[PDB]
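Participant: Read off the chains here:
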Amino acid sequence: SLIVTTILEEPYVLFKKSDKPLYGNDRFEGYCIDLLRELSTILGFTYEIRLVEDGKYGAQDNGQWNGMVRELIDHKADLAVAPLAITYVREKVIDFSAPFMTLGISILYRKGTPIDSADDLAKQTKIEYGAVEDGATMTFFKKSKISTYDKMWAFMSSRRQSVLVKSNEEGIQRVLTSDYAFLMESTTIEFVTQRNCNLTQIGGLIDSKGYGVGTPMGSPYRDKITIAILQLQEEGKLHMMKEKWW
Amino acid sequence: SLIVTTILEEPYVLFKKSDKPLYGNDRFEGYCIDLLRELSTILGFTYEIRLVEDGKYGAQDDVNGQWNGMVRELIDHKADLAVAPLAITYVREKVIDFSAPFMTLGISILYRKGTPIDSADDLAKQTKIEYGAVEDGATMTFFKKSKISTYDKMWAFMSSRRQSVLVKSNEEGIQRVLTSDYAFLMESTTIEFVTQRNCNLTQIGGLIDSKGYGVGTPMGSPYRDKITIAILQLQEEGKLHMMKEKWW
Ligand SMILES: C=C(C)[C@H]1CN[C@H](C(=O)O)[C@H]1CC(=O)O
Ligand SMILES: C=C(C)[C@H]1CN[C@H](C(=O)O)[C@H]1CC(=O)O
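Sequences listed follow chains A and B, in order.
Counting from 487, one number per residue, gives the positions in the first sequence under my numbering.
Counting from 644, one number per residue, gives the positions in the second sequence under my numbering.
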């Protein structure tokens, strides 16, 4: 039996709503749960789903790793199945399957302003902007030497206290209730904009990355999961699953 | 010193044009060459570029189970890396390893502008307009393996007309499109290069699937995750994007 570490994030993983109380794996549904189930069928493993205790994805603080990334490092889990960005920093410490979805950083804002691009935000200060603290998105800006993104980070880091948030939900509410643009992942933006008609992605994608299944470094499951993902992708299951949940 | 297998394909890999004949790695330029050089700098390896002898990418001979092309080179440890527009596929992954993708693309349709043909389904449900792909390439293999109804049907068509509608290069496919009533199934990245250069050609519909190109290594090779890590760095600092801009 595999321990599968995950995190609450709609529509990837959520508590299934029902009257009768649900137990163990039944409690969960979502794109990632469907994925996990499809993988389980192809590969022939059983599993226990567990929500990462510290509720973090995985960042380096003292140099300590946290979240689902730490769980894999310490062998406290076999797989991480969540919207976990495949990144340089994470890849040095864990392994990732080939990506099951592709995405990019982009901007969440209200409809019908003059704001048209990242550069439009960067060259002003009236409209505040930020991102989830210590997430892949934030780290991209923190490390970027592209001139526009450098400026944005200078803005964000200096207003760290007030513009950086602890979740996508927190960021979304900010956008809805104040003059604020949220830097978030395009896949999540798409879900949100379908459900709030007054909101909209601004500009295009700022970068490119994927979500992958995480495994402890050197794990034999890696390429097995990779092969499974490619199979699923080519036969259009991954696509149906996106269509289902979006 | 690493042995790097590759193949001539614009704008990924090409012979540098010059009066004086050039030697070794100097002979080559392109997106993939730039990539290889950037990887070499990050990882600190030296290398020798070699064009794959049989001039194939990699399919399994379905009579005798022999692999060919760059995939075969890696399997046999005749090379350390394959750097080319080598699609990361289910069948190939079972026999070699791939880095994380340096480019994302998908199968699409190259056709002439301003017909009623709008999708793969439109092609599949007729026979007047012929269609095909590079023989034994990733695109053909996708249709050959697909259980999607429309694609299954397309493969029935193609395989039975194997004689005449499957081609040996992108270039051959393109000439076909230009000079007869034919739609060419090819990779979207290549479509884009081509359409920028022939003003009467266009992409029909959207992407039929999604895949990446990755650097190939022999299974269990340690180079894998090193190269992957290098690719993620290059992707995150926007160098991969600049490189595409440069060559397109
Ligand atoms: C905090 C969110 C939910 C996570 C999700 N994926 C990204 C990650 O892998 O860290 C983060 C998005 C972001 O940083 O904007
Ligand atoms: C025969 C072309 C040039 C190659 C290139 N990449 C794909 C591959 O990795 O096989 C093939 C495209 C295709 O099959 O349409």
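Please note that the accuracy of each hint is not assured.
[To be verified] Listed next, the in silico SDA-like pairs over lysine to any residue satisfying Cα-Cα at most 20 Å (straight line):
1. 790/B to 562/A
2. 723/A to 787/B
3. 723/A to 849/B
4. 562/A to 540/A
5. 628/A to 850/B
6. 723/A to 791/B
7. 728/A to 872/B
Quick caveat, the hints were computed from the structure, so don't treat them as lab data.
Participant: Next, verify each hint and record whether it holds.
Facilitator: Going down the list of hints, with the structure as the test:
Between residue 790/B and residue 562/A, the direct Cα distance comes to roughly 39 Å. Violation of the 20 Å bound is thereby established for this hinted pair. In summary, the hint linking residue 723/A to residue 787/B is supported, as the alpha carbons are separated by about 18 Å, within the 20 Å threshold. For a cut-off of 20 Å, the pair hint linking residue 723/A to residue 849/B stands: about 18 Å separates their Cα positions. Between residue 562/A and residue 540/A, the direct Cα distance comes to roughly 13 Å. Compliance with the 20 Å bound is thereby established for this hinted pair.
Restraint check for residue 628/A and residue 850/B: not satisfied, since their Cα atoms lie roughly 34 Å apart, outside the 20 Å limit. Using a Cα cut-off of 20 Å, the hinted pair residue 723/A and residue 791/B holds, with the two alpha carbons roughly 11 Å apart. Taken as a hint, the residue 728/A and residue 872/B pair is broken in the structure, with Cα atoms around 27 Å apart against an allowance of 20 Å.
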